[PDB]
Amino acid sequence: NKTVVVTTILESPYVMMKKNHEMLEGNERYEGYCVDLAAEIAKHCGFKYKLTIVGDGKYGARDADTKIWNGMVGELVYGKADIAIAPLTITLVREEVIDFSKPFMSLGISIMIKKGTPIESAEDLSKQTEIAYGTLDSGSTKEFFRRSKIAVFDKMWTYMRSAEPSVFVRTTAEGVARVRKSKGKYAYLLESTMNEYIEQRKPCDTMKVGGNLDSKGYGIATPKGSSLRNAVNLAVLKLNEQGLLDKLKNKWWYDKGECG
């Protein structure tokens, strides 16, 4: 009936521009895990769709003062998109305003270091000051630290919120580049999925250290009242049970892996 507007975000390897994208049009410009997922979800739910990259390049957070949502969440809330198919973390504040499918991928917050950085844990980071560390802006990881009552994470947040120069970054790519150029003096807090991906990318100079700080998942999000909610939810479960989600993770993370 109507073309479904999918909001997504340029985040490797979920959605990336193809090497030859400039000569391509519409959905064909993009590739990645979420591009593949979107095609599968659309197939099983029987809709046509248009992939649109989120205008402000953000996942989604609510301004404390205006109460206005930004990012992909904002696009859903304000009716600019019909569905978000992205590595969008299922969170309480978000699930209060949009609906999430069952998770299509699990993750937890993790630590990325430049190889050789003498840091093994969140506790290690919190104890010292020589190595700076931060998170992505307008995402679920920043909110995790902001809200945490756990002493280690509370101390980390107290440090991060005030740190000069700013330890927060606008994009995951910015966080990763920062780790890579900072000679071991910057650690980055990011989701395990993204961390593991980057660990298998040239120049193979980063690694994930320590356990995950939490356990959660990404979900496909729809605005409240969406006619797509049930079908999308069931389609995620179908794709999981077919082993398709695992196949896609292997395709985008490890099959193309550059670090041996």
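Numbering follows the first chain given and starts at 1. Think of the rigid core as the biggest set of C-alphas that the two forms share within 1.5 Å after superposition. What changes on going to the form deposited in another entry:
Picking from 215, 79, 44, 93, the hinge for the rigid motion between these two forms turns out to be 215. A rigid-body turn of 31° separates the smaller part from the larger between these two forms.
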Contents of the next structure:
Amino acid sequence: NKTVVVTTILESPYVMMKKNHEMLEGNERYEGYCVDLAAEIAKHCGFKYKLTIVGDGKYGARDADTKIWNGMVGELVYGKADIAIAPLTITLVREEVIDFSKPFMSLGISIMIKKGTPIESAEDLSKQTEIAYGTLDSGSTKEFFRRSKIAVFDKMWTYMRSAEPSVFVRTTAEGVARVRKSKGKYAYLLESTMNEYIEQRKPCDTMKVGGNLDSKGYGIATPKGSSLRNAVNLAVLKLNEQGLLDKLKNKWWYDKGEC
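Could you switch over to the form deposited in another entry, since the one displayed so far is the form deposited in one PDB entry?
A single chain, with no partners or molecules, comes next.
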């Protein structure tokens, strides 16, 4: 078997630089949930591999003018990498150009509050205005609310689009900082995975509340025609059924946690 080129992304706690990474080389430089995942996938599929960080540090979107895919997805479609093992969301536009395994992690839109905020659900948020709430100013979460035919979510959308000042943010970091500087009066809506992770880091002043508002997954991606597709897919399923993915999630979110 040829050395498999794995593309991945520096996003905590999926892939991070080890403590002494400057004293290390190759795959030993990195650690995290997706580093452990890549080792398990390689073992089950009988390949050796090289972890490479995606050049542009992006996930994969198609430029609407140039029609060029950036990110890990571009690296797959242009033949620059053999497989992407990262927190890459399974979406229609990507599935049209690459193959995804079944999900290795389930996630969805969720509520981030400052600790002690009287909110426990989307329902709770939808029936008041004292606590302002919002999303990234563009992307899937904003559009989820815009599209939603569910009453509580349409109610939330109607509030959010009218709200002044803007309840929207340019970046995830802006949204998190806005929850923290807000004294309980702002809730941020983001993916549960990131929400649960931030819950477990210092300052330790935020928490996740309520069910997930929708249902998405991260998948392992291969270019179309990859001889790895079937085996990768089965390996993800095997690892899930053995409880290994749950184990890794617990490890990287909680065992490594700081709160």
